[PDB]
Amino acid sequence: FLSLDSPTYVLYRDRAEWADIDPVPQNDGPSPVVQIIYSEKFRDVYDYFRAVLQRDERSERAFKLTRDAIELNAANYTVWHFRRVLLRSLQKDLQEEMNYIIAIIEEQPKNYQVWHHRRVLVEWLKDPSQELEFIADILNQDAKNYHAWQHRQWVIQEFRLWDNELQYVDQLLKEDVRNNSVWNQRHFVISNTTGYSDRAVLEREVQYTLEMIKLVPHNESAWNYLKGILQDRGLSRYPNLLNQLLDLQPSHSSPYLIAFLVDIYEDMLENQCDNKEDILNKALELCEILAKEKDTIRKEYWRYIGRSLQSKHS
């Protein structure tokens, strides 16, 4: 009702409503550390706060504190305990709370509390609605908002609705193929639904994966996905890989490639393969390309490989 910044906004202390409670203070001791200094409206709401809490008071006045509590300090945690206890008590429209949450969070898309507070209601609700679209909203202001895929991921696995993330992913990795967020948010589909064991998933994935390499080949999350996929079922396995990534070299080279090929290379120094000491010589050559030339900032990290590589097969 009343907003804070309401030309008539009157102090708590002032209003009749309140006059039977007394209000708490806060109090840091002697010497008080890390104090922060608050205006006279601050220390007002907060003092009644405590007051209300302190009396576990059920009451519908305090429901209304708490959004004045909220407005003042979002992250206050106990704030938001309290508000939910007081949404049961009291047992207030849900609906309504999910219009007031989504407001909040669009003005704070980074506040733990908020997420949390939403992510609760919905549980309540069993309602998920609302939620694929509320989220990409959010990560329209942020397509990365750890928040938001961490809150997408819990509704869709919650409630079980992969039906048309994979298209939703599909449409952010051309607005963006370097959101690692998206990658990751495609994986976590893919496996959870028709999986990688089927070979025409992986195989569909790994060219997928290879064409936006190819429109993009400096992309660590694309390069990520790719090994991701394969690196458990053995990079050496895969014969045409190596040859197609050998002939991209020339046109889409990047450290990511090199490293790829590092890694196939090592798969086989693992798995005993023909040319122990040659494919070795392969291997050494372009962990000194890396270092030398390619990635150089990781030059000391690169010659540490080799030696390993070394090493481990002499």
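For the two forms, the rigid core is made up of the largest set of C-alpha atoms that agree within 1.5 Å on superposition. Residue numbers count along the first chain shown, from 1. First, how it differs from the form deposited in another entry.
- Just one of the listed positions, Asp247, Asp278, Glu270, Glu40, moves its Cα by at least 2 Å between these two forms when the rigid core is held fixed, and it is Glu40.
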Contents of the next structure:
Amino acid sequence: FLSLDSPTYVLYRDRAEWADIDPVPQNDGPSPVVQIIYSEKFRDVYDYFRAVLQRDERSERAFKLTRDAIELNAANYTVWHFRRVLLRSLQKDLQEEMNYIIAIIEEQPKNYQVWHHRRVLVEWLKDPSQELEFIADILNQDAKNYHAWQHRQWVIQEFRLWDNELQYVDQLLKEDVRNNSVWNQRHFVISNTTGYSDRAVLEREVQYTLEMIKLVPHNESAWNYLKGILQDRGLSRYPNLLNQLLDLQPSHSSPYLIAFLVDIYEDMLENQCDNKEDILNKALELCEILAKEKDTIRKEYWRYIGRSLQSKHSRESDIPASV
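Output the structure of the form deposited in another entry; the preceding block shows the form deposited in one PDB entry.
There are no partners or other molecules in what follows, just the one chain.
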């Protein structure tokens, strides 16, 4: 019970209670490569970890040792595995272990091993009562923590805690409407609850998005979300969309709106629309405007779409060579 950062911390080779153990130095071989020059503390802890692991000593002192080994390198999955073995062998109180992992995660939230460890605990305990709140705290420090959102989806799905997520999503979108992780969480909650086939729901969503797009014309998340929820059924399936977007170019324009226009035209041409050729040319001029002025960083992409659209929608596209 002596923190790795305690001022009175003592190396393991200097601890009475560990006198019986011979540390097992690391087998790096005769002439090492990518050899890390560990600090005295690090090498000391791992020399003893190697010993306990080797003897597969399932003891209370081994358990405490893993805490130090983990703190020195939370990414050492071999140590996490041994710790889980000890948690079961020693019948350790898992809520106390839950207390421990939330502290570690708060400290190193961008580590794979700490989140996986917490998931295992939640599973063992079959108790998700603390998950949404804990994750909310992590997210409150980094609204985009990938592991946090992944854990949150798992917990919500595995335990069916859908009831308040949409509300949570609305809270974070308000805080930062540009948070792409929240737009993803939104699509996550809806897809698994009401789904987007419910016309009232889909309608609501597009209304909301367009509303957001009006407020922040250049935020790409809203735009990608809008394309995402309509692209599967087909953009041309929604005739009023086009006109409503065109009524934004005046003021609320962006290379995003132009790109959407092309998308709509592309789908239209893909479903034999009226005035096929007129639509095509409208798209080819937008592709060029984007590739040479509005969105040049993507010039290669836009020129490709330009070719594609003509390669298969020009009036001569389905006309015999000899004609």
